[PDB]
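Form deposited in one PDB entry, single chain, as structure tokens, below.
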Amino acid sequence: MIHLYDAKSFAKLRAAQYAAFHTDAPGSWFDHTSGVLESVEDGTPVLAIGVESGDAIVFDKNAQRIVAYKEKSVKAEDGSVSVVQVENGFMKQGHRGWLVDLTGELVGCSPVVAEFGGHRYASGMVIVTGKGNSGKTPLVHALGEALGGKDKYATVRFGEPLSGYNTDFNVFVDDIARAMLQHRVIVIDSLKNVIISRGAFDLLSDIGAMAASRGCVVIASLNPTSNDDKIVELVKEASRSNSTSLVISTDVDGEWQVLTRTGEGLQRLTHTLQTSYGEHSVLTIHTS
């Protein structure tokens, strides 16, 4: 919805957004939204995401698809009305994204998802890309484990000529929806086949906001299938714009750079990562 501000309430908003990244306990936002989600009546639509065609499928708090749901509305504070309706397994009325309010008045944040190696990491969409064919897959997995911390991270596999990899976009969105509804740390191996269909376009444009709102982080691998020309600069450009955080390779072996958006209108931070390979290509991110 829309929000109103004057100098005073605006300053409070900024302090709150600043705290959402810098001082809140890492992962607390995710814990909070998990709470909001479980307090939702069973069968109640909570998430809508677009499939390849352009239509959208809807899920309940347990990541189960909703096939039929009689039109229901809700009058928000802003005065705006929200309407959701599912007919034949497709949203008849509604919008894409979260169908229940997880944020409230606190919007424009990059909720800290975790802390590692002396650095806080934001939730939302994290794109790992750069000078093609490098080691993006090992990096997203190391990041997944690291930010997972005490928890296991979820792995969504898509569009690669390797065994067990799903190649159907609709199964893919089904996997992403379930992951964001149930896990704080998510890895997507290859956006390669997403970059274009309407469903695919709806994905780059929604994933980050959905994740940031939930308080979960989605770490996506994106190899510039294109040349190794300066098209990678175009990819890096597009990525920086649709990501909460960007991670790109450097000229130095095993070194990556992390560019983070700490929040709406807030300062963008940058820090470096040093890595090394172990047995069977397991990558380790050096801390202290």
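Residue numbers count along the first chain shown, from 1. Between two forms, the rigid core is the largest collection of C-alphas that superpose within 1.5 Å. Shifts are known only where both forms have a C-alpha. First, how it differs from the form deposited in another entry.
Aligning the rigid core between these two forms and inspecting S80, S73, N133, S205, the C-alpha positions shift by 2 Å or more at one residue, which is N133. Remark: with the core as the superposition reference, the CA shift of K236 between these two forms reaches 2 Å or more.
Core-superposed comparison between these two forms: the C-alpha position of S39 differs by less than 2 Å.
Shown in the overlay between these two forms, fitted on the rigid core, is a CA shift at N227 of 2 Å or greater. At a threshold of 2 Å in C-alpha displacement, with the core superposed and only residues shared by both forms counted, the segments of at least 3 consecutive residues that shift between these two forms are, in sequence order, 132-134, 227-238.
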Contents of the next structure:
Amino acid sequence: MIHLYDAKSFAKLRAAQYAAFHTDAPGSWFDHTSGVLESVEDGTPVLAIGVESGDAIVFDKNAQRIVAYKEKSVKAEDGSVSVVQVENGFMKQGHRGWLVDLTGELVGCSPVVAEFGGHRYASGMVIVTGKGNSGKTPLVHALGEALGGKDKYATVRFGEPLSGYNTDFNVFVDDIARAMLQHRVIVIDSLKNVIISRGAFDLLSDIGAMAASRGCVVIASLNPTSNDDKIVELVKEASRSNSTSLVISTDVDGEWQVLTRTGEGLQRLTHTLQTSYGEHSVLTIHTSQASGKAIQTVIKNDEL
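Having seen the form deposited in one PDB entry, I'd like the form deposited in another entry now, please.
Lone chain follows.
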């Protein structure tokens, strides 16, 4: 919905967003939204995500797909009215994204999802990319395990010529939806076949906000393989604007750079990670500051 502000209420919001990343307990936002979700009347639509065609499928709090749901309206304090309807397994009325308010007045945040090795990581979408010899898949799994901490991370596999890999987009968004509804740390191995159908474009622009609102983190590998400048710019835009955080490889093998967005219009943070391989290619992240647009852009041209 829309929000109204004066100098004072804006200063307050800025303070709360700052706290959502820097001082709240890591993973607390996820626990809070998990509660809001379990307070939902059973069978009520809580999330809608676009399929290949541009249509959306809808799920309930138990990650069950709702095939039918008679029209229902809800007027928010905003004055606006939200209407949801599901016919034959597809949304007839409503919108993509969360169909229940998980944030209230706490919007534009980057809820800390976890702390590891002395650094706080943001919820939302993290794109792992870069050129060079550092492997993306091993890094995505090591980050998944690290941010998970005491919790197991969820792995969504898509579009790789390996055994058991799903290659159907519609199954992919269904896997993604279920993961976000049930797990704080999510790994997506291969955004590649996504980088185009209306569904893929929707996913690219919707997932980061979906995750940030839930307080969960989605870690997706994006190999900028092609040298075709039209998708190169797409990968770069995804890395710059549809991602809450960016993890990109450097000149030095095994070393990565993390760029974190801490809130709407706030400064981006940056830090470096060292990594190494153990048996069967299992990678470990070793544990042993603000950046301006100038810096941001320099990192981005690495994609060229």
